[PDB]
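In the block that follows, a single chain appears as C-alpha cells, in the form deposited without the partner chain.
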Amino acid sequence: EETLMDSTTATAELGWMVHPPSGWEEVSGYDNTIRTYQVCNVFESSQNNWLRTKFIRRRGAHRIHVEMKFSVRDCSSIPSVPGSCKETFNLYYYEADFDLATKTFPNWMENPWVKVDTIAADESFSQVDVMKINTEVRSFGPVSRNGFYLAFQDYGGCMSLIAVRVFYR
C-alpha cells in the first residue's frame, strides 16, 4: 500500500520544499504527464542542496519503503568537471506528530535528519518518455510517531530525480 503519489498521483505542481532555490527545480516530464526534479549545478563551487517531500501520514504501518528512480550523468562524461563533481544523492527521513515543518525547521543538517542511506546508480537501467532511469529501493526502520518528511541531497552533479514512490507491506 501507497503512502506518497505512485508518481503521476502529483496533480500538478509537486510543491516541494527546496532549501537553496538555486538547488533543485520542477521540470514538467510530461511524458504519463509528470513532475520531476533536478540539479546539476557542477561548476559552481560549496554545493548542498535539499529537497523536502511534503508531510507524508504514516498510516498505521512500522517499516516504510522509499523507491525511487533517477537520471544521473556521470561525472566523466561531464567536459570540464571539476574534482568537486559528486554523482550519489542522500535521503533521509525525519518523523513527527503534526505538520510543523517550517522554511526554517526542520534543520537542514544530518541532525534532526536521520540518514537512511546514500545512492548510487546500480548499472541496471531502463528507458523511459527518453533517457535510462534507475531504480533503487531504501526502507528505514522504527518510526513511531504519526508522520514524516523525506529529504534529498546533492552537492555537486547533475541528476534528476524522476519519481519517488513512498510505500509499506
The other form holds:
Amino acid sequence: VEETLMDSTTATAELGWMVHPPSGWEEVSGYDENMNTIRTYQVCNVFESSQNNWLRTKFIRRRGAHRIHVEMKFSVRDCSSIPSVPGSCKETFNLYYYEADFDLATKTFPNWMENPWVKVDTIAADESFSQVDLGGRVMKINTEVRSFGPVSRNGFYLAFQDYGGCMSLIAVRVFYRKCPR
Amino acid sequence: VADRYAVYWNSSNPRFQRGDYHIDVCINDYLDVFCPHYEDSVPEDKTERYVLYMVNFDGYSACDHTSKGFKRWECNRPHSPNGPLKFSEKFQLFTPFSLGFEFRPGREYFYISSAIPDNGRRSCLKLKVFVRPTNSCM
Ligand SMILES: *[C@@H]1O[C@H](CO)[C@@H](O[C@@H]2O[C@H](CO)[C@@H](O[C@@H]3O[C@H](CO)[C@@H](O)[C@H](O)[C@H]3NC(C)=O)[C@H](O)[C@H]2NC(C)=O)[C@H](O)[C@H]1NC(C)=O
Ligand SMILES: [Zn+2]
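Right, and the form solved in complex with the partner chain of this protein, after the form deposited without the partner chain?
Now the full complex is given, and it begins with the chain already shown.
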C-alpha cells in the first residue's frame, strides 16, 4: 500500500539539498540505526545568536498522492551538555513544505520564511543525547512522523528550520498510501 | 591554505614521501582526503587501496592502529565515477550526532593507513593534524 516518494538513505551519492544560510546546515557522512553509512545533515551554531537556518530538499514528484507522510530520523544534543550555554540553544526544528507544478526552486525564489512555506509542525525529540553509555551505541536516534495534505501540484519540496540547536537530520523518508481497497 | 585542506592520499605524493606531512588548522576547518584514483586502463595491481585510521601518537609513531585507533575511512574504490573517492572531516567542537568526533584547540590528531593488498605495514602513509589554539585562530 505504501509508496515512497523520496528516501534520503537510498541516495548512494550526494543529496545536494539547498541550504539558505551556507553557515548553517551542511551535508555530512553519517550512520543508520542498523549501523549503515548514509548521507545526513547537521547544524550546531550554538555560539551564534539569532540563528535561522534552513535546509531544502530536492523537488519531490507527487505521483498521485494528496496525503503526504514524512518520516524523519534524527539526533538532538542536550543543550546542557554543551559547555558555553548561552540560553538560545534549542532542541527542536520546524518542518515545512511548499508545493509547485515545476521545480523552479533556485536559491532565492521561494522566500525562506513561514510566509510562503506552510508549516507542518515543530518536531521534538523524545531523547536528546549528552554522553552516557558504556559499551556502544544502541539507542539514541529519534523517529518522528507527520502528515499534511493539500498537495495538488506535480511536486513539492520540504524544508527544515533550525534556530540555535546542535542536531543532525539522519534520514528523511516521504511516502503516501494508495490503498488498493 | 584557507578553510579546507585537500590531502591526496597516495604514495606518489611528495608530501607523504617526506614522512612528516602535517597541517595546521583551526576549529571548523575541513580535511578532505582524496583517495588514489586511476583510469580504467590499469590492471588494478599498481592500484593503491587503503584503510584509514584515526590513532593516538604512539599508534601514529608505530604505524599501528591496534588498541590505539578507530577505523575511519576506506579507500576501496580506485575507479569511482566523479573523480577520486573523497572523505571529509570537520574539526568541530561539538558533534550533533552520538559519539561523533570532537576536536579541541591546541591539540594534535593523527591518521595512518594500511594498504589493503598489504605491502608490509612498514612505513605507513600518515598525517598529523594540529588544531591551533584559540589565540592563534584570528
Ligand atoms: C596522487 O597524489 C597526487 C598529488 O596530490 C595527485 O595529483 C594531483 O591531482 C589533482 C587532480 O585531482 C590535481 O588537482 C587539480 O586537478 C584538476 C583536474 O580537474 C586540474 O584541472 C588542476 O590543474 C589540478 N590542480 C589544481 C588544483 O588546479 C593536482 O594538481 C595534482 N597535484 C600534483 C601537482 O601532482 C594525484 O592525482 C594522485 N594520484 C593517484 C595515484 O590517485
Ligand atoms: Zn605546523
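Residue numbers count along the first chain shown, from 1. Rigid core: the largest C-alpha set superposing within 1.5 Å between the two forms.
Trainee: Go through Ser144, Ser124, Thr104, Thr118 and flag the only one whose CA is off by 2 Å or more between these two forms, rigid core held fixed.
Mentor: Single hit from the list, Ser124.
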